[PDB]
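A.B. asks: Here is what each chain is made of, one letter per residue.
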Amino acid sequence: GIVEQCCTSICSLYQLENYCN
Amino acid sequence: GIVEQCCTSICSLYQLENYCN
Amino acid sequence: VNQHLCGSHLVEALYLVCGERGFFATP
Amino acid sequence: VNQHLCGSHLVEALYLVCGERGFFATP
Ligand code: NA
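Residue numbers (the authors' numbering), protein chains in the order written: chain A, 1 to 21; chain C, 1 to 21; chain D, 2 to 28; chain B, 2 to 28.
One chain only, chain A, in its complex shape:
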């Protein structure tokens, strides 16, 4: 989920926006 993608690894703006709303 967002933690593995954005915290454990590094995520892009597009990936991060997948987790809005």
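It should be emphasised that the hints constitute simulated quantities derived from the structure, not laboratory data. Ideal Cβ placement from N, Cα and C applies to all residues, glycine included. A few of these clues could be false.
To be verified - Take a look, some chain C residues computed to stay more than 12 Å from chain B by CB distance:
| # | residue |
| --- | --- |
| 1 | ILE10 |
| 2 | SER12 |
| 3 | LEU13 |
| 4 | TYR14 |
| 5 | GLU17 |
Said to hold, decoys possible - Among the chain A residues that face chain B by a calculated CB cut under 7 Å, a handful are:
| # | residue |
| --- | --- |
| 6 | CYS6 |
| 7 | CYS7 |
| 8 | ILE10 |
| 9 | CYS20 |
| 10 | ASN21 |
Fit chains C, D and B with the ligand to the known structure of chain A by using the hints.
C.D. replies: For chains C, D and B with the ligand alone, coordinates are given in the frame of chain A:
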């Protein structure tokens, strides 16, 4: 994201588990 | 029976389903 | 610079990117 899928709409256990970690 | 999961109920659902995995945005 | 987004930084990043918008789990 999870709000649209699980709050606005109805989501499954499988979808919800997508949002872990 | 409401099948929607919003706000604090959605946080509970994740505590239940995710267990030891954790989830954003709990410590 | 650290490019990982964890905890409060991750919350901060979603505020910035999601705008009106919103995101789980803001009240
Ligand atoms: Na999420």
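A.B. asks: Now tell me, hint by hint, if it's right for this structure.
C.D. replies: Consistency of the hints with the structure:
1. Distance check on C:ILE10: its Cβ is at least 16 Å (rounded) from any Cβ of chain B, clearing the 12 Å threshold; non-interface status holds.
2. Listed as outside the interface, C:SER12 is consistent with that label: its C-beta sits roughly 17 Å from the nearest C-beta of chain B, beyond the 12 Å cut-off.
3. Every CB of chain B lies more than 12 Å from the CB of C:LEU13, the least distance being 17 Å, so the non-interface label holds.
4. The beta carbon of C:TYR14 sits about 18 Å from the closest Cβ of chain B, which is more than 12 Å, so the claim that it is off the interface holds.
5. The beta carbon of C:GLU17 is kept farther than 12 Å from every beta carbon of chain B, the shortest such distance being approximately 15 Å.
6. At about 5 Å, the closest approach between the beta carbon of A:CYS6 and any beta carbon in chain B falls short of 7 Å, and the interface hint on this residue holds.
7. Here the hint on A:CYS7 is kept, as its CB sits about 4 Å from the closest CB of chain B, short of 7 Å.
8. The interface hint given for A:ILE10 holds, since its Cβ lies 5 Å from the closest Cβ of chain B, which is under the 7 Å cut-off.
9. At a threshold of 7 Å, the smallest CB-CB gap from A:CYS20 to chain B is about 4 Å, leaving the interface hint in force.
10. Of the supplied interface hints, the one on A:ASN21 holds, with its beta-carbon coming within about 6 Å of a beta-carbon of chain B, less than 7 Å.
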